[PDB]
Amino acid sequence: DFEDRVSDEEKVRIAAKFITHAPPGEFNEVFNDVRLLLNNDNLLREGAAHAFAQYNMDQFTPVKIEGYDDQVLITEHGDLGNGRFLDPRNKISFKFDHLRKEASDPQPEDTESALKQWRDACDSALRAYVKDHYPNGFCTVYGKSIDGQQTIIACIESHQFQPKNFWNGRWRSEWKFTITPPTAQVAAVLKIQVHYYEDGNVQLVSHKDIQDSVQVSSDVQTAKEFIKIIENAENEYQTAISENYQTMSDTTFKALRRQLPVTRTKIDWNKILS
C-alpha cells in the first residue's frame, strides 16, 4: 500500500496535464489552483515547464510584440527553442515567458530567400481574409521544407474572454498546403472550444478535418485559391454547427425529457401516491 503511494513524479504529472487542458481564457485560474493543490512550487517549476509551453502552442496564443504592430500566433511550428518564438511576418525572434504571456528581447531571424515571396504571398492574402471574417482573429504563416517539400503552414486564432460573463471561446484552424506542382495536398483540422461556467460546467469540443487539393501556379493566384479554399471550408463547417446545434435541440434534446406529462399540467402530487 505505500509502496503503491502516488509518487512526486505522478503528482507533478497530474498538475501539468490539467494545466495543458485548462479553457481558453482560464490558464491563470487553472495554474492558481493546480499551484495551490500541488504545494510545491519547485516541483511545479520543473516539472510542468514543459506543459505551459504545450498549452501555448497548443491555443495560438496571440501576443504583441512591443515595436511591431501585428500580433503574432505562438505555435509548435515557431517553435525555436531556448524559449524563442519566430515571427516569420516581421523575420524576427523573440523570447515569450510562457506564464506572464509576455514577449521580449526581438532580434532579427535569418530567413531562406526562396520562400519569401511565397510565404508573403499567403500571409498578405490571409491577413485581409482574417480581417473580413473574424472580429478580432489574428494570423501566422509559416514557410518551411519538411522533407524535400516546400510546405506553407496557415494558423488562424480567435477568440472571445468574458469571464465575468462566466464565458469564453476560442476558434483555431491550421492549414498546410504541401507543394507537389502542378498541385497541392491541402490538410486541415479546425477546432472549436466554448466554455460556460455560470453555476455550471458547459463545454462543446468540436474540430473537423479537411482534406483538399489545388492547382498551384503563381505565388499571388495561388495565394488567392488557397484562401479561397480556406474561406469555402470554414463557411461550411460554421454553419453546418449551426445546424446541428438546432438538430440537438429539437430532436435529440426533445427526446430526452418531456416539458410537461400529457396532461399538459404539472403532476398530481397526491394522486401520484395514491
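Residue numbers count along the first chain shown, from 1. Superpose the two forms; the largest set of C-alphas matching within 1.5 Å is the rigid core. What changes on going to the form deposited in another entry:
- Once you line up the core between these two forms, the Cα of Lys254 ends up 2 Å or more from where it was.
- After superposing the rigid core, the C-alpha of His21 moves by less than 2 Å between these two forms.
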Contents of the next structure:
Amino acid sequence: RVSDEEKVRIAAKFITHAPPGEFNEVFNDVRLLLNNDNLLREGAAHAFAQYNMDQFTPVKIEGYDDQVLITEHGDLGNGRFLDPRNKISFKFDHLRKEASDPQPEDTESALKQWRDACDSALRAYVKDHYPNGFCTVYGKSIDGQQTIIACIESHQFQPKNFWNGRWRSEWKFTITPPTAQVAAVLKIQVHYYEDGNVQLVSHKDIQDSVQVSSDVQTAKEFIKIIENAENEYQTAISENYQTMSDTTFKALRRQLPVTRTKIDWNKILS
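Could the form deposited in another entry be given as well, to go with the form deposited in one PDB entry?
All you get below is the one chain by itself.
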C-alpha cells in the first residue's frame, strides 16, 4: 500500500509535467491511478496552482474584454490573483481554470504610470505578432528596486490533429536610471503525437541594457527589445531545424553509408 504522502508527491510530479493543452488528460490518468479523489484534489492542490503559474494560463474574467495571465507575480493569496490592467482581484480555481468574484483592487503605487505605459505598448505588440496572444504586466519593488515584469502567452491546442503548442515569454526590466537592466527567458513547448510521439522543448535567456527616460519613451524601447529578441529567437529556431538535420541528426545515424548505397548483405556475411 503506497503511503498517501507518496501518492500525492508522485501525482504532483506528473501533474506539473503535463504538456500544454493536456492537463485534463494527465489529471484524469493520475486520478484513476490514485483511486482516492479527495486525496488528489486536496493533497495536490499546490501542484495544480504550480502548473497554471508556470504555464501562464490565460483566463477570462466576466465583464472584462482581455484575458489575464495566471503567474507567480500575480499571486496574492487565498486563491486570488491580480489583474493589474483592470485593477481588480479575482478568485481562481486551478482545477477547473475558472475565475470568479471580481472585486476592485487598489494598485495605487509609484509605478502605476510606468506599468500602464508598458502594458499599453505590449498589448499592441502582442496583437500584431501573435495569432491569439495574451499578456500581463506587473509593477513591483523587488529588493528596493523598481521592476516591470512583462509576461506573454500564446497557445494553439489542436487535439483533433494530435498536437498542442505554447509560447511563453517573461521579461524583467529593473529600473535604475539612467539605465535599465533587462533579463528575459523565452520558452516554447510543442507535442505532436499522431504518427508516433515527439516533443519540442526550448528556452532562451536574454540579458540586455537600455536607457530609461520618460515612461512612454522607455516603453517603446522596452517593446522594441522584446520584438527584436523574440523575432530573432523564432527565426533561429526555424533555421536550427535545418542545422540539426545536417549535424546532430547525422551524428546519431546516417541516411546511408559513406558508399551512398544500401548494404550488400552477402559481402557482410563473407
